[PDB]
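Take a look at this one chain, the form deposited in one PDB entry, written out in structure tokens.
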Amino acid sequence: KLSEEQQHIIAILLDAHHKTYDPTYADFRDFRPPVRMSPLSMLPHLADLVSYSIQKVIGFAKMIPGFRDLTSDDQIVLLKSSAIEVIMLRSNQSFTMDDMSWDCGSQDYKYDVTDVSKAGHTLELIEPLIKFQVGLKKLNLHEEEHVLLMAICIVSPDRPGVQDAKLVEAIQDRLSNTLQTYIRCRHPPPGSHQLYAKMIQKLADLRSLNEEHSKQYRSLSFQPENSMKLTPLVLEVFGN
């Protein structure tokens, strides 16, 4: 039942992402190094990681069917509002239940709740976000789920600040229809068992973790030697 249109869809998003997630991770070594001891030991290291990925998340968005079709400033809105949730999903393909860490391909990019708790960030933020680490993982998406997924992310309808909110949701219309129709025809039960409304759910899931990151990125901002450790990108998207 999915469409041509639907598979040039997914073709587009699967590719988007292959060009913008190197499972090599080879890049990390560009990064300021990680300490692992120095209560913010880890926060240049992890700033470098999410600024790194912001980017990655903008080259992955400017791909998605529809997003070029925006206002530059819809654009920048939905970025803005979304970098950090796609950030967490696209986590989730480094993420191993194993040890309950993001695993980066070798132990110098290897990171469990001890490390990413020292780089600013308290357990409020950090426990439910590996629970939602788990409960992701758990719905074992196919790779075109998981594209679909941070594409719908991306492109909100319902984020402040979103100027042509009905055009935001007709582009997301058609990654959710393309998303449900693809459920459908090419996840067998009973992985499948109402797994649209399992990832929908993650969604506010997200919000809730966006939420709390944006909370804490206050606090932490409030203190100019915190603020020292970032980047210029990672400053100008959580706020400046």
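Residue numbers count along the first chain shown, from 1. We call the rigid core the largest set of C-alpha positions that still match within 1.5 Å between the two forms. Compared with the form deposited in another entry:
- No residue in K56, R32, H187, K198 other than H187 shows a CA shift of 2 angstroms or more between these two forms after fitting the rigid core.
In place of the form deposited in one PDB entry, the structure of the form deposited in another entry is requested.
FYI, this one's just the chain on its own, none of its partners or other molecules.
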């Protein structure tokens, strides 16, 4: 039931994800080292981690079918408002539910609830973020559904500042129909609808997590001693 257009969209997104995600986490060696034990000892390391992730999300977004047809202003708008959500989505690949942490190779590069707190964030964000990672991990998504959810997350028409909302909607509709057909090719009803309904609910939870992170990022970045430890890309992308 998967068309040739839908099969090509899936192959491109999987190719894009494989090019923009290194499961070896070798590039973590070049970040500023993590300090677990002034009080925000994990801010430098996690700032480089987010800065690195933003670059990967931009590269992945550029390879989404139809993304380049947008104007530069719309590409910037979609990426500024979705980068935080895609980072939380793509981080699920390293999330393990043994200790509720992101395991990326070593114990140096294994981050838990305390590690996020050593970056300036309260549990008003960390607790819903952990709940999100568990509920997302329990969905047991294929890599095809994972990459389609990331592309649908990026190409959203209801982002503030979007110029050609109809064009963004038309691109998202093709990615959504590709996702709905893939779920039907793998799961009979009514489980197919229940899976797709939970996936869209995760996109709604991302908007809530986006608002909470933005609230705390503004509080942290307003302090010059904290924004001094950020990266130029983070200040440009997360700053508005």
